[PDB]
Amino acid sequence: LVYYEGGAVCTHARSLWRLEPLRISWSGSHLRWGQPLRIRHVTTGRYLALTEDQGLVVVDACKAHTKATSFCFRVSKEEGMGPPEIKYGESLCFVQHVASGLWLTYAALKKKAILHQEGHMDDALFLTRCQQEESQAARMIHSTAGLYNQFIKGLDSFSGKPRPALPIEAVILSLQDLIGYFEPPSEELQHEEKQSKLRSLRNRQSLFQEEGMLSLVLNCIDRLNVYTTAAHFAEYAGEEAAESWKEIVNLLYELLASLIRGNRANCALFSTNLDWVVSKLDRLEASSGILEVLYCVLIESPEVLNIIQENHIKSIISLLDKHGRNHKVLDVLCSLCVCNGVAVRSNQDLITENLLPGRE
Amino acid sequence: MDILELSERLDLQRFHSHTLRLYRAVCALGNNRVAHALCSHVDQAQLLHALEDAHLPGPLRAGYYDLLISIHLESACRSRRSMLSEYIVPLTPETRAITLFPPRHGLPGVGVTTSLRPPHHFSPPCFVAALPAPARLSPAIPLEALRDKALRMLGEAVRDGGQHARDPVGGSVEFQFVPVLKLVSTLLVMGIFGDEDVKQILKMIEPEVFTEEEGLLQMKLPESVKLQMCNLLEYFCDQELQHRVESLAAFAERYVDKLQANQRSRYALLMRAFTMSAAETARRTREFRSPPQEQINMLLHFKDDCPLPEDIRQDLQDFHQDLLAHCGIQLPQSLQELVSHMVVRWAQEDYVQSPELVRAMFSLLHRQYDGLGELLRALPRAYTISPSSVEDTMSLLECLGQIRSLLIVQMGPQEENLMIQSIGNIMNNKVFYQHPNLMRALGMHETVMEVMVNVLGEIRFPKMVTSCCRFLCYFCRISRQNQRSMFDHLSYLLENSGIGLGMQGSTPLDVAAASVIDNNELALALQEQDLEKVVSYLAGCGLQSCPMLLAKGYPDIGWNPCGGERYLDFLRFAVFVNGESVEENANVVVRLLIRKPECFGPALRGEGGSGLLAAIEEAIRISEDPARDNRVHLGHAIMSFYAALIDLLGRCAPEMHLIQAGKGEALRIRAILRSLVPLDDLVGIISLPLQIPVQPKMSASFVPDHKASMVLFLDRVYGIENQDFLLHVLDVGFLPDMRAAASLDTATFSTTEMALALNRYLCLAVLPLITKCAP
Amino acid sequence: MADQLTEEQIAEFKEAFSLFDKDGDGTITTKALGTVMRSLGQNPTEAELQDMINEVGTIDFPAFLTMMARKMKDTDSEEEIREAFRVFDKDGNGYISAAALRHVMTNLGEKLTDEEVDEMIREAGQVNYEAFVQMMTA
Amino acid sequence: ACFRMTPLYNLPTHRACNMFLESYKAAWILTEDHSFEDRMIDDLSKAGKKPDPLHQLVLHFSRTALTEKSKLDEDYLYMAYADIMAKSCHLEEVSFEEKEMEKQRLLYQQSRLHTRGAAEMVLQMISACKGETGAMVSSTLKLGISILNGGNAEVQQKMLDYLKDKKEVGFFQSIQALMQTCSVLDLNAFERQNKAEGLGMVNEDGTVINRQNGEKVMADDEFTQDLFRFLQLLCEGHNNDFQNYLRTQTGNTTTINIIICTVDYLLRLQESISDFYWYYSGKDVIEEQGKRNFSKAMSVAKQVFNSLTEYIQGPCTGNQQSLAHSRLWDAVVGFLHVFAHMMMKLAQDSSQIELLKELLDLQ
Amino acid sequence: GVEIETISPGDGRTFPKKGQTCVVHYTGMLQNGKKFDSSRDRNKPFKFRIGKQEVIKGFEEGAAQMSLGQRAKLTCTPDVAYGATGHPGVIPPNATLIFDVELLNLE
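Protein chains in written order, with the deposited numbering: chain F, 244 to 321, 332 to 361, 372 to 426, 434 to 630; chain A, 1648 to 1750, 1759 to 1787, 1794 to 1873, 1923 to 2014, 2020 to 2046, 2091 to 2216, 2222 to 2393, 2414 to 2477, 2486 to 2567; chain R, 1 to 56, 62 to 129, 135 to 148; chain H, 3634 to 3681, 3693 to 3736, 3750 to 4020; chain S, 1 to 107.
The set of hints was computed from the structure by calculation and includes no laboratory data. Note that beta-carbon positions come from the ideal geometry of N, C-alpha and C, so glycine has one too. Check each hint, because a few of them may be wrong.
[Unchecked claim] DEER-style ranges, computed between Cβ atoms:
| no. | chain 1 | residue 1 | chain 2 | residue 2 | range |
| --- | --- | --- | --- | --- | --- |
| 1 | A | 1648 | F | 410 | 49 to 57 Å |
| 2 | A | 2366 | H | 3944 | 42 to 50 Å |
| 3 | R | 20 | A | 1776 | 27 to 35 Å |
| 4 | H | 3727 | F | 552 | 58 to 66 Å |
| 5 | F | 439 | A | 1659 | 37 to 45 Å |
| 6 | F | 392 | H | 3727 | 37 to 45 Å |
Same shape as in the complex, but just chain F:
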């Protein structure tokens, strides 16, 4: 479905659209009126066309005919860089299908879009530009979503079937490079540059959260962490995958920690999925990543703390008792008590009544 929603959806990656002219040579010329060009969604990768099945429905690139997917621009109803220009923000434009010739207007704030012949007088659209960061992030969302969907499909192919090949190398490289991409800015930079980098990082994380990549990462890591030991994955998958499984899970935990570092919305999203993190905390392999994930979730979102009950605190105490004396668990425990100037009495009482009385 194609909507005309307005508001927070404007800043999200789904609102972005790309315009690819039919001709390949000198395709970067200025957009003249009547030029036959296509419109595609940058994130999903599908191609928008006026198919007879459902009118205005976006379709995959596997079937998009020129006569069915071409579009034209008209100012009114009525090689080289070539034509000078059409203004951004000040020049209106009317969308029109090349073959059908029907104007684009709202069919009926999730109002559907249909190509009625009458159209409307206020159906004109004016163009605005998007900076490099948004386009780069959206295309990365597309590529990572495709690769990760292929990986999770391959994982589900042999689920519970003891014995193609999973692209372990490409997946590992993607995780490492995404970790590098979401690296926090260093504190040595001045306040202006550091603040600009932090704002850019927050925008990038918000784009990833809106695109739904976080849910897919949760699905992938849940599927990969069903198994217990590398020998078990060797049994279901093979030796080659078993060798890289530790790296894959470590990098997945690292990416999950990085995607929710400092943003309130991403960590508040875990208000209902906290029990999953607490349950998978106790795993031996890849423990530092899940501990860092929990620490970031607890420090960033105050609303998460009210969900925690006695069993989660007891599990944290179990982690402290079973994984030596590390200060990260104790920092997590300290952050549990106080959140940005307000104290939670219940969790403080549980902490003071579980670990302290035992004296062991």
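Using the hints provided, position chains A, R, H and S relative to the given structure of chain F.
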């Protein structure tokens, strides 16, 4: 292993430092029971020995000092810091002895001050007491050896810094100075230090300027200790300002005694006069009939008429010159000059890159260079109380501190119960009723609304919300100035009360309703946005039924009359004031109701066209069958909603004199109100009889107050002028009710509350109407 | 509005309630409320007390405070008539004239206008002090 | 109820002290003129490399404003210091030498601030408001007009350099939003205000602060005047660079027509003043209560017209062509109609000559 | 019950009487051998009146069986002392307590 051995063992030292951090965090922001548990884990003596130790590592020493302060002094220090801003000075004999200058400036922070501050509550730790909810007190410390011991460490650290050793305690000068100075600053904020201790601390701060070795400001310091020095100087300046306020209050008492004696003398002289003039008597009448604020304004005007002798004017001028001299206006040897020069030099020597230090240093700089401005800003919080109410005011202040302590604590059962107990206590105190200006200056309303918003943001703890709303309503009812102060947050309250909770008792919408009542100014100042939000909520009230009603087993319908009844009541209160209708708000209410037809009931909609009389008949039929509808009955809900709508429409009608004048707006509104509801509907509703006593279910019965709204509409919008119309409506609806009341006047049915309700009806809704059109 | 009552009256009310506030919770029975009212000397009728209780068992200090303020509004109004009669003319013996109206308008304290004073006089040398006071009270 | 007002001597001393404190703080210490901003700004800028305390203060404010947040908190210290700096450079026939000396003194007092980085801080904190009114942004505008007072040239160059280097777009969005919110004379509100003013000046048993509460109509008159004065001083001196930059910013992603928004606000003010005249068309004379509001609106119109003039002044073809194609013509026609009828209505009487003088000045 | 293991001799004649104030210096010790409470660390005697319910049952019963100047080791069973619920973060459940207490004065 020795605690001192951890110097080489980095991992164990780090783990112990973070363990101390956890100990602080669990016992942070109150939680005195956990503080007792930590006292069990960490003994009084153990902490004392560590504090005086010299070989302890830096992080461990800092963590130990912070642990001691957080489990022994934190809550009392927080309460005292909260009290530090409110100045309540009683007129005690010690207060009148306060002098602005010593009999040059004196040493700041030393002397006597009568400002009323609550005492500290402590409980000794005894861990074999029988297991027993009371608000458990914080742990107890000797607090007397601590004073001298802190002074001793401060002196020893100053001497060691003067010696310029290469092995400072804790491994750095910061770890040697910052924690002990933090402890000393907290002890000063608490006020434990006496006159001699304050004098010695002042001498340590500056040996030359404050004289009655080397100064601690004179020697080189890093930024971290500069932050605590800045805090200490801020506390000292605050103490100086408090002393100035106390002296100003003492002079106020003296001068008002003189002024009231002079005013009585002037009254006697004026009364003795016989044939002065036609203006001298006018002057006396103007001076003696104006409100006391006006009188004290006229008498205090002799600057740059004024029936005051030159002696009192000269005395006030002398006090004014003394106060300007004290402020440093002059129109290092003193505190202001010393702090200013220290701040300037600190900023000049190095480019400090710690934002907190910069902020605090410049805050002191502004406070010192603007003393008159600081005094002017602090004066509104100041107040004067009679010496006879000091105990009650102390109890009120303790209750206020207790309720303020819950501002930074998540809401729970014990906390909400203690909150309710505090509200009951503040209700039972008489000072809250005697002085509304004091009650507003302490500003309990702000923190009470903050707690209400914190809990509101399904709403848990409903009883505490209801008691909070009752307290807010009573505070509004106390005084008109408090009413203005609460109305200033009307939009905020309405945003909180956007969705009616529906719980029994008071609601934030009731707080909003009580915030604007019996005052023309507030109703005229009622802005567009609040009314627009209210009517939007009413419109949304007509699209779906109440989720609580659906979850209660009630049959599902397309709307919830109970939810809209509160909005109709609020609109009725906001339209009708002092037995009159305000035109500006009536215009807005009519237009906003008519813009959205969904605000009205589904029967009055143009599409359905059920009709109001038919709707009420269907409501009565529904109430007849229990299956079709304490537990709120749907028939009574729809009946009350329609009655409230009719009442709002009637009370929103233009005034009779406006109609007589012929102003277009009033005639247009009366016409549209007539068009909305026909007269036949009113006469039919009045025609409907009411069951009389074996008394019917009062909640589900046909309440006469519905007819009260109906007859109010009939009297206001339409009126009775024709003999035939009056006779017809009267015969149809009015006589049978009077006959029923006369029959029920018998002693067997006199005590029935149905008879009382119908009596209140007759005497307050219809009998005045018959009286008015008697001729 | 509870600001009408004087601090002496509010102290008397607090003492009267504390005389029967041995429980400490603040709750007072309806019979206890009537006993407190009798101790105050009002001696209100049973029907009036029941109506006041039903208007707003569960009687607390603020509720009795509001009830007493509503009751004492009548006493304040009773003294108001005498105050107006004694303030219309200082001597109060046939001293009604336009000069008194001019003096009142000059120093009313609310900054009244000459036209407003003329309108008030028209509401109603020769003048009636009682009629003028009644017109001012409307 | 005024007759039954109790005298002062009957009241207890514990409340008489309270009203004595209130009257004292209202009438004596508030009127005391303490000129101490100059001494502070001189002491802090002496520098005794390492920046002087004034530069550190400006840097700390810039750092506070640059921190990302939903909305900047009402910082009591920033507002206070901003006023201290602003009044410092405001002020401390006439011959040419004396006027030149006074001007040079004003430029030196402005250089005491604009070389420390005051302009960058002002732009940062007005851009960080995200288009929301308040007292802190009002103090920021006060500091801006004080720095730009007298049509200083180097300050405008520094502002242009910083604004182009940062390439931020939120500054013009904030200005547009702030100008959108600015109020215009409203007949309905005035009616509520004058109905409220008809009530007693003394409440029952207490004084009424209705007069001290302030007028509800044209409440943001000082704010609007300061904003338009800041804009006109920003384009003061026939600086062609800003005259071309305000209409359209080439570097920034989105262009905001500040001049067209100013014309839209002027048209809104014209509609409001025409409605206000139509309300007073029937009445023979003009009441003083409405006369004060009329004069306030007249001053606001004068300020906005001066701002538009200062935009136009200089051979800037782009701004002139943009304004020729806007809705300014309909506004001007409406002004001409209301001005003519206002002149004739005032000339009918003789007790409102000052309002006629203001009318002629705005003409 | 409680077992009074006499650490040191004390004056035999003096014994606690109901309604009298007892000052003690108890050095509490957990069952495992760890120390949780000590009055001597606080340097303040633990004043308590015998016959009331202010102090836990085992310590009161043992104090009834004490004598002036005498030292003893009073192991208290969990049912007697803080049974099945302990002071939060101080005493674990169903754990015995061992006290080292000697009397100072009986007045």
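We went through each hint and held it up to the structure:
1. For the hinted restraint 49 to 57 Å between residue 1648 of chain A and residue 410 of chain F, the CB-CB distance of approximately 54 Å keeps it satisfied.
2. The beta-carbon spacing between residue 2366 of chain A and residue 3944 of chain H, approximately 48 Å, falls within the hinted interval of 42 to 50 Å.
3. Between residue 20 of chain R and residue 1776 of chain A the beta carbon distance is about 30 Å. The supplied range of 27 to 35 Å therefore holds.
4. Taking 58 to 66 Å as the suggested C-beta distance range, the pair residue 3727 of chain H and residue 552 of chain F conforms, at roughly 59 Å.
5. One distance hint, 37 to 45 Å for the beta-carbon pair residue 439 of chain F and residue 1659 of chain A, holds here, with the actual separation near 43 Å.
6. As the Cβ distance of residue 392 of chain F to residue 3727 of chain H is approximately 41 Å, the hint placing it in 37 to 45 Å holds.
The structure agrees with every numbered hint stated previously.
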